[PDB]
Amino acid sequence: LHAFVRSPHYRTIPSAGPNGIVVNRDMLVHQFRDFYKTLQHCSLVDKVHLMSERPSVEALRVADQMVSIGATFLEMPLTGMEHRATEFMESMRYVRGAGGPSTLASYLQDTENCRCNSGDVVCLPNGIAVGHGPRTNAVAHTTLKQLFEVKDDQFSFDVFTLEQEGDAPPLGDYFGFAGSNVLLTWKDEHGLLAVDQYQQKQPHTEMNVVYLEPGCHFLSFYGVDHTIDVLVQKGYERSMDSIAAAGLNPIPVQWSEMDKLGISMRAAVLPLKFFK
Amino acid sequence: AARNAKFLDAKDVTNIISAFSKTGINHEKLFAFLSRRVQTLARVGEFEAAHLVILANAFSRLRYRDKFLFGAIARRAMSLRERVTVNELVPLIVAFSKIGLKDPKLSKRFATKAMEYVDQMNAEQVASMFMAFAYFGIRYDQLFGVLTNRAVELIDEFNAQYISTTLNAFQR
Amino acid sequence: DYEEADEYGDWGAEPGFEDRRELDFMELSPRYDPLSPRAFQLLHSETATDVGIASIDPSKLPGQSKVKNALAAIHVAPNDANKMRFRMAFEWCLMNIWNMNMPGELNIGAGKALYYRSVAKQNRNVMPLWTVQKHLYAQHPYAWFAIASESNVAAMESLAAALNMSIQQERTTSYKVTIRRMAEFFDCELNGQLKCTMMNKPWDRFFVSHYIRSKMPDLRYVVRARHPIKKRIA
RNA sequence: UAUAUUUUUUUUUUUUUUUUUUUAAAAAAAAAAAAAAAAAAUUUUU
Ligand SMILES: *O[C@H]1[C@@H](O)[C@H](n2cnc3c(N)ncnc32)O[C@@H]1COP(=O)(O)OP(=O)(O)OP(=O)(O)O
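Listed in order, the protein sequences are those of chains L, A and E.
Residue 11 is where the first sequence starts when you use full-length UniProt numbering, and the numbers rise one by one after that.
Residue 173 is where the second sequence starts when you use full-length UniProt numbering, and the numbers rise one by one after that.
Take the third sequence: its letters are residues 124 to 125, 133 to 160, 166 to 369, numbered as in full-length UniProt numbering.
None of these hints come from the bench; they were simulated from the model.
Below, simulated DSS-like cross-link-like pairs (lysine-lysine); rule was C-alpha separation at most 25 Å, straight line:
id : chain 1 : residue 1 : chain 2 : residue 2
1  : A       : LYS239    : A       : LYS194
2  : A       : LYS274    : A       : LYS285
3  : A       : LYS274    : E       : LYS256
4  : A       : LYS194    : E       : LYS269
5  : A       : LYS270    : E       : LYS256
6  : E       : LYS247    : E       : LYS269
7  : E       : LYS336    : A       : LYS201
8  : A       : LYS183    : L       : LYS47
9  : L       : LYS283    : A       : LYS178
10 : A       : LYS183    : L       : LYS283
11 : L       : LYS286    : A       : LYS183
12 : A       : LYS201    : A       : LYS274
13 : E       : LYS366    : E       : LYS336
14 : E       : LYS256    : A       : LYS194
15 : A       : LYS178    : L       : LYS57
16 : A       : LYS277    : A       : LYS239
17 : L       : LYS211    : L       : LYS197
18 : E       : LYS269    : A       : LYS201
19 : A       : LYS201    : A       : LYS183
20 : L       : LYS161    : L       : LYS283
21 : A       : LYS178    : L       : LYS47
22 : A       : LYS183    : L       : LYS57
23 : A       : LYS239    : E       : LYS256
24 : E       : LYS366    : E       : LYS330
25 : L       : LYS270    : L       : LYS197
26 : L       : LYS57     : L       : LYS47
27 : E       : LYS269    : E       : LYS218
28 : A       : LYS239    : A       : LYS274
29 : E       : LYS350    : E       : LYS247
30 : L       : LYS211    : L       : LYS155
31 : A       : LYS201    : E       : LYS256
32 : L       : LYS283    : L       : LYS57
When you get a sec, could you build the whole thing from the sequences and use the hints?
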């Protein structure tokens, strides 16, 4: 219910990102404030906090540090992220500013060898989903099996290891989930494979599925609260109708230039749960 | 506070500024950091029409001047149109006038807003904003005229305590 | 807008007094920064706010026929109090600079310390030394100016003969430059041949004292040090 | 050697100079200045 974003740096923002298309420096700053307003109105997050400015544009990815599964947190392993570890320190401050340290993922960070990324782990009603691919190992799945697992008539919690190809993007990017037994999936090979893998597991779930054209960034969170809303890029129009036909209210947001930068909804915000 | 003026929300920032205003310290680094943070937060609307008065009053009483901060506060107050009532508008004018060493084109716009807030205000804010406009140093013929026109109805409410300020502002 | 009674400390006994570090003679507020005095101490020759104590023999007095020593409050010469405050600050500065172990330098400059009109708070004239000391240490509405005269040169040459001064360097032409930068500041002294032979940071003002006299010549005592820098970048 | 910022992208009006055309006067263009206007740029390890 706590969401963190970082404002971009105007002086050091590079044009012509790693796709061969130039970008407009002013347009990013223009769109960011409207994104902030939409995020703070869209009723999906309780609070939004504005992180300070930093030079590196790769620091605009507020996520990929620390994932919230329940009342406790999980820091990400330090593997190839050392070059920006310093700025990671700053982020934690803002978190601790209005929240506790939870478990500090001592169990996860110090798990011998670790390869985790925020987005491979997606929560679900009485379930956890881990996208076993080129980013997550089986040791992480075993650790989550040890930690977040309970089995009983009412203490029912499950973990699903989903197989994916090497070229597939992270799990939380394409196939997501929205409340009230609605499951959003891309209409590509990766999405179909993920849907089939989920269907082979726990047939009694009875999860309706809605398809979206590939290449669409969307943000949707389970949350302790129940809400019917989704954040969708203001591009492909057919996805909005496809998801609205199922009774879910869509909300459009503009991410053309930041898409050319290569920044997704999952890494644009940092969801957190704060309790007492 | 000096090393923590960066990691605060709006409410904490305004509460801390209000708390430190009354003491009388003049730590320059703390005030610079808090001014930056206020400027950063005011870029995207994050201040209700109750903390701008507190921030402006605290900075004005603290005797610290900055064109950028006061410009940002004025712009944010300008964005929240029709939300600020007269009871929440006069103190902002008083605080801005107390640091009257400023430039025009700012009181020019404040003159426009004062046009429609003259009806439902009593003699106290009348005299106070009249002294404030006098200290601004700009001749507002129409604003002074309408203030004179509306002031005579509430001549009975004059307690003779603040008659001195409204008399002295004319000499000013 | 558009303490003074308690400034003299007369209307009661301030609770929790005297239980503080001996920093009464200087103003200390809680890293490198140029033009930032870390300790200010205003001084004067005609006016000194310091009383003294002395011993007496009260045996004559009707009742003190059994006590041999009794102290009484006596005023003191301003110069002695100024010297006492100066040495009290100097020992503190010596201990601090020894703890830091920076290269130590001491300067005694002749010139006028001309202040600005905005120093006088409340737009008053008469005020105690304490309030003006705090105002100078906080607002810094002052500027130091160094100036001498040529006509005294021969005169102070006599002082040389009075103090057996010896010439270690004749008249030398040097090009002082301030090699600033976007991150830090630096200085250099180009020689007559026009090359850069030293690379260093600007001086760090660690302690400043203004000794104001009645007439024109005033004295400024400065303790300054230089922070170290890796010779690779130099 | 205790006063930090300077301002900037773009539109309207006025003034001055130069080249060209026509009948001392008019028009387009280039340069400069002035006024106005929309919009944008700050820099901490407990
Ligand atoms: O006292 C200063 C000042 O008069 C002048 N100076 C240096 N840097 C200055 C800046 N940035 N603005 C104005 N004035 C400046 O030069 C001296 C510096 O010392 P100097 O007179 O050269 O000699 P001294 O202090 O004895 O020893 P240095 O090592 O400082 O040279």
